[PDB]
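Only one chain is shown below, in structure tokens, and it's the form solved without the partner chain.
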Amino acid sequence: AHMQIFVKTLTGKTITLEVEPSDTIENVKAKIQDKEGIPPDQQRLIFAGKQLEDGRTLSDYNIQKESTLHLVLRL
């Protein structure tokens, strides 16, 4: 059921996560918080040139195993 993905930051860190394709963007950001300390509300995730909406799922954005997402922070 689970799936490994990568979150590449703008700080030269690559994060790796286990997620399910039914997980929401909001869930992924929550995982990012747990692991990195980043408040979800400062988080913007990007996949395939698109900014990802909190309420949809990884599946909705056809995010697959070993996909890379990009984390951009607004502070």
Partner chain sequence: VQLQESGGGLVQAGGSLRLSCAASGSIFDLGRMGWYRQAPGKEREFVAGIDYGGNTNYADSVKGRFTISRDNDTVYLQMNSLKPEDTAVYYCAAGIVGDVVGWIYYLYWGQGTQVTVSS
Given for the second form:
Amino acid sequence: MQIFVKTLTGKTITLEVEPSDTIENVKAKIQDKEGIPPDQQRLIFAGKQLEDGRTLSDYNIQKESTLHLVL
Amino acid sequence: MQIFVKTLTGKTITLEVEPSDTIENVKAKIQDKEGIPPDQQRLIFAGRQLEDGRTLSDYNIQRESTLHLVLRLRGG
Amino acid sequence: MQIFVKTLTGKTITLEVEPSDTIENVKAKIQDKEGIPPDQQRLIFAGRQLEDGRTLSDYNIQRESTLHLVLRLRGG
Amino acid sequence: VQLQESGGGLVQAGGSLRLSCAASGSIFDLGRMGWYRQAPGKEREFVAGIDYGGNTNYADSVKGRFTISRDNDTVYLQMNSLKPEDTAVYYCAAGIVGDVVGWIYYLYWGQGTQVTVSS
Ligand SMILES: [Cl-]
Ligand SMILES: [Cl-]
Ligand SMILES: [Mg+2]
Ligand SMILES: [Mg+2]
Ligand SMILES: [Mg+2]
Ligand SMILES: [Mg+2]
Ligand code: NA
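Given the form solved without the partner chain above, produce the structure of the same protein in the form deposited with the partner chain bound.
All chains and molecules follow, beginning with the one already shown.
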């Protein structure tokens, strides 16, 4: 499934994820694509920080959603 | 006794419980293990939402039953 | 062997099944009772979606177990 | 009753109708609400959805005509430019995404409101 990850002022990055992927896995994918260490990443959706041990589907995040990345 | 707790897509965790444990206590145990506040947890077993005041035995939840966890989600 | 199928708000329905019945076979029976096509039913047990090619025995579903029925639609 | 639809009725083609769904307790906190419909002799069909971030999506056949929204205790479906094929029982529902992309699992749904579009 395709989702998007954006800082507020940065490029949009597209990620291939599974609905059951954990936020930890999503940060690993962002590290692979953008080179940002996961410990520097916070991911936000609907104004809430997403916790590492939860899945994308736990947060009811659907295809083509945009997550906001803050460092 | 151990029971399991699992969201629909996530991997399962286990909690150590007693039949007399309330659903409120179970949610507290989930917070301890997962960091989810009890008021962000919706628990389902046997196609019923479990009420905080009731106990596990009230719902016939037995050793190694799996509760279904659904997050309570709010914009902002 | 009787199992129960329930939506969160709905009435419990009772089915006669064999442990070797496939989930597809159970859904065919639910369709007869509630009218929902098998492809728009999802059954949840132990916090897991029950996959159609598998049997009740695969998921350790026993007598008096209650399956959770949800409606599955193509959207998003 | 967690979800109670209203606002259906008989409307002339080209007209508009707003459906409402009264949402009780914390049904919104599933994080996704939706409307689906069932026309005579057809299967249920997703119509519109909105998630707790405010993101909406629509069936191709209603995109541009229908708008889903919610206030503190109600989900709405504003239906403009109604067509005979919009005739159906309309259902509001609350649910979650699942294991497979593009599908929604509705855990709660209402009793439905009839919409009939005449000519
Ligand atoms: Cl469908
Ligand atoms: Cl109106
Ligand atoms: Mg890497
Ligand atoms: Mg974990
Ligand atoms: Mg369940
Ligand atoms: Mg046409
Ligand atoms: Na059938």
